[PDB]
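Protein chains: 2
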Amino acid sequence: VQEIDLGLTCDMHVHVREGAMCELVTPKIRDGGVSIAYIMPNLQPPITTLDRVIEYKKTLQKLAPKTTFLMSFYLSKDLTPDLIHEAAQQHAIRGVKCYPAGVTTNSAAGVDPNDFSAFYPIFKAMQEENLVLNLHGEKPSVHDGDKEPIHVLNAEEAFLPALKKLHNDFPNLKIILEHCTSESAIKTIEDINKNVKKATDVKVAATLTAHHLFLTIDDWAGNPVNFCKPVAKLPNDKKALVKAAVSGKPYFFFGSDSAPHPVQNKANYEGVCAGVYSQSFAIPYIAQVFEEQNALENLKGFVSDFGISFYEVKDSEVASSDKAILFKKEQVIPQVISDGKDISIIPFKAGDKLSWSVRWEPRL
Amino acid sequence: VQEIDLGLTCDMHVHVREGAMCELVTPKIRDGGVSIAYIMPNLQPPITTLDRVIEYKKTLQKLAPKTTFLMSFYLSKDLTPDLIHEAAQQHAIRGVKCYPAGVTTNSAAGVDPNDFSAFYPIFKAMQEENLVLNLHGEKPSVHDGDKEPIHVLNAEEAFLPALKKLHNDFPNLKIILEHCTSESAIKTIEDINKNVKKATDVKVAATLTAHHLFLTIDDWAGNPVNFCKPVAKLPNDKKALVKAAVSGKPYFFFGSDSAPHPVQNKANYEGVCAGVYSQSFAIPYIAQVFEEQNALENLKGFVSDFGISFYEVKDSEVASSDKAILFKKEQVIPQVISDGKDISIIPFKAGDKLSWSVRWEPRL
Ligand SMILES: Nc1c[nH]c(=O)[nH]c1=O
Ligand SMILES: Nc1c[nH]c(=O)[nH]c1=O
Ligand SMILES: [Zn+2]
Ligand SMILES: [Zn+2]
Ligand SMILES: [Zn+2]
Ligand SMILES: [Zn+2]
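Chains as they are written, first to last, in the entry's author numbering: chain A, 2 to 365; chain B, 2 to 365.
If you're looking for bench data, these hints aren't it; they were derived computationally from the structure. All C-beta atoms in this analysis are idealised placements derived from N, C-alpha and C, irrespective of residue type, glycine included. Worth double-checking, as some hints may not be accurate.
What the hints assert, rightly or not - Below, computed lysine-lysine pairings styled on DSSO-like, alpha-carbon distance capped at 30 Å: (1) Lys-350(B) with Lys-148(A); (2) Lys-148(A) with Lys-148(B); (3) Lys-240(A) with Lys-148(B); (4) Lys-198(A) with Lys-250(A).
To be verified - Computed Cβ-Cβ distance ranges for the label pairs, DEER-style: (5) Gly-352(B) with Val-264(A): 23 to 31 Å; (6) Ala-102(B) with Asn-237(A): 21 to 29 Å; (7) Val-143(A) with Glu-19(B): 37 to 45 Å; (8) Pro-263(A) with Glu-293(B): 36 to 44 Å; (9) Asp-340(B) with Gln-332(A): 41 to 49 Å; (10) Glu-19(A) with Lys-165(B): 29 to 37 Å; (11) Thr-50(B) with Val-264(A): 53 to 61 Å; (12) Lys-148(B) with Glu-129(A): 47 to 55 Å.
What the hints assert, rightly or not - Coverage of chain B stretches by chain A, computed from C-beta distances (three or more under 8 Å per stretch; other residues unrestricted): (13) 147-157; (14) 231-237.
Go ahead and model the full structure; you've got the sequences and the hints to work with.
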């Protein structure tokens, strides 16, 4: 039936860029049906200072006063444990995001996941302040020599050893394997969460995107719009992701990884920018998956409950207690999301119709 | 500098699309070091009539008088055995290309490979006229059904059972698995030619493109200029294709599948036209692979000998007795290949350096 009450929705993986790109995307978080959003720091330059993350959050609140913003740091060589403690006590960050060097957009200044020992003092400081270590799990491509070949199709599976070693050396740290794309990564998350029927005892979780529940490799093969990192893998991998989405287990919640790019950055014959834009219809995208799986009863937990529980979002931080109501009204997705200016976006599943819509109903 | 006499080179897979594109790419066949070229019929509309294939060859000979052309028919429901016999008796065609519906460029008016029985009257007529059945070995992608899901990475391996049935039903018909990409296809070709000596005995062979000896999945991921059908697969597959190329076996000869597209057709955000342009440096591309393998003694067979032996190219049909001579002269690939008016093509490995160049020397 229609009009499902979702409460305070969560999108723990968001890119609202900057500039006129920010003026267009930040309001769409509200229009997409999301109240709490976790902002990613891969900007130019990456957000690695206290003044940058504070003024960046202020600019975001001016553009969307009703949206709760959870800020983050870019795991870079410039980060010090002193900066981690100072920013965490001032409530400026909720975690630090890690980018492997060169695997995705604005990841050039990232880290090498084969020598994580350099950032162990950083993770030690994060564990004390109860921050979250967001991981873009993918090994950089290696075609060189005798070592096993690492390519875009198995770079996620080759990273799982690094995830299990980080969970071993920092057991109390909250780690998130962002935007899982392979079945091998799903089984590892279930193995780490072996015997936790305790919703609050989940320390290593995994976010799932909207496009990775639809796309396979065939969808982005000749279509750069569906190209993102990690790449959309085989249908067997999509089968494991969709089952893990409607799973209802507390270690799986929603992170969109909505990466807006100008359409000129996607119509390239080489060097196409990675990332799918799904912010304008974030909740209706996930609504179609849970409807086709006949598991709409687990939609609130995946979108709202498990995200708030893991990040420990207390009610004193929510900028607007308005609730997101998902009512079954057909709407067609526009061919292009534009701002009446040089900026234009091709949204995910542009042209198709979604069975659900989203509106806002405040609490009384 | 070092020189290599290659004789009458062969490129048994060439796309020479109509229009101003034809007048631009057809001379590049001779400039690429290719003397004999097998022309593919995937035009718009495809080449299914006797009048259209006669006029097309005369257009090609008008643009490249010194290049020998071997024409082909497009496997379609419009074909009849009476048309097969008449065309083969006039030396109008040399074989028929099979395009599975919805697999590659201009495949739409194609066939369904898990139902090949409807074209057995055509194969029966081709078997009597000693024609060659060129196969695009890729089952159409099916992600649903109670059967194994088919995608761009296993569509070639899923076609192998169809190739084994055609070689069984028509044992004396010549069949070529065009542009092998997977290792499973390499092992399938070697096993069909188990008890095969004295190359004349080869009935089922395979062509290996120039770009598949360089590219993997990481090369076309985010680079539509390297996107082609079949998809460049994992490094394990690339290793087998290179081993099979320099092996010197008679059932592996060179077919480039040079698929020229305007740069405005590769720079799309949806529906990117597949195909790599490797015509302008066809032979120098292959020479780079054989130099890296120290198997230059087997180069003359892979590009000249095994192609003539399989297609039975008599000396009375060769349009020019000039020999393609490789000489070790370093050259840079241009950034674009343009006719100067409306068409600009991004060539394969544009910007890199090749250690060989091609010149033509008269015979005797
Ligand atoms: N464009 C992007 C793609 N993928 C990411 O993970 N982040 C981005 O910003
Ligand atoms: N563009 C093409 C790609 N692959 C083919 O086999 N033919 C084409 O024309
Ligand atoms: Zn990412
Ligand atoms: Zn992201
Ligand atoms: Zn093909
Ligand atoms: Zn072709």
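Status of the hints after comparison with the structure:
{"no.": "1", "hint": "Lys-350(B) with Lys-148(A)", "result": "holds (25 Å)"}
{"no.": "2", "hint": "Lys-148(A) with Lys-148(B)", "result": "violated (35 Å)"}
{"no.": "3", "hint": "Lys-240(A) with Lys-148(B)", "result": "holds (14 Å)"}
{"no.": "4", "hint": "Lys-198(A) with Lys-250(A)", "result": "holds (8 Å)"}
{"no.": "5", "hint": "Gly-352(B) with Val-264(A): 23 to 31 Å", "result": "holds (26 Å)"}
{"no.": "6", "hint": "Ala-102(B) with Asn-237(A): 21 to 29 Å", "result": "holds (25 Å)"}
{"no.": "7", "hint": "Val-143(A) with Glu-19(B): 37 to 45 Å", "result": "holds (43 Å)"}
{"no.": "8", "hint": "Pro-263(A) with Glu-293(B): 36 to 44 Å", "result": "holds (40 Å)"}
{"no.": "9", "hint": "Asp-340(B) with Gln-332(A): 41 to 49 Å", "result": "holds (46 Å)"}
{"no.": "10", "hint": "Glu-19(A) with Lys-165(B): 29 to 37 Å", "result": "violated (57 Å)"}
{"no.": "11", "hint": "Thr-50(B) with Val-264(A): 53 to 61 Å", "result": "violated (41 Å)"}
{"no.": "12", "hint": "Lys-148(B) with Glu-129(A): 47 to 55 Å", "result": "holds (54 Å)"}
{"no.": "13", "hint": "147-157", "result": "holds (count 4)"}
{"no.": "14", "hint": "231-237", "result": "holds (count 4)"}
Checked against the numbered hints above, the structure breaks hints 2, 10, 11 and satisfies the rest.
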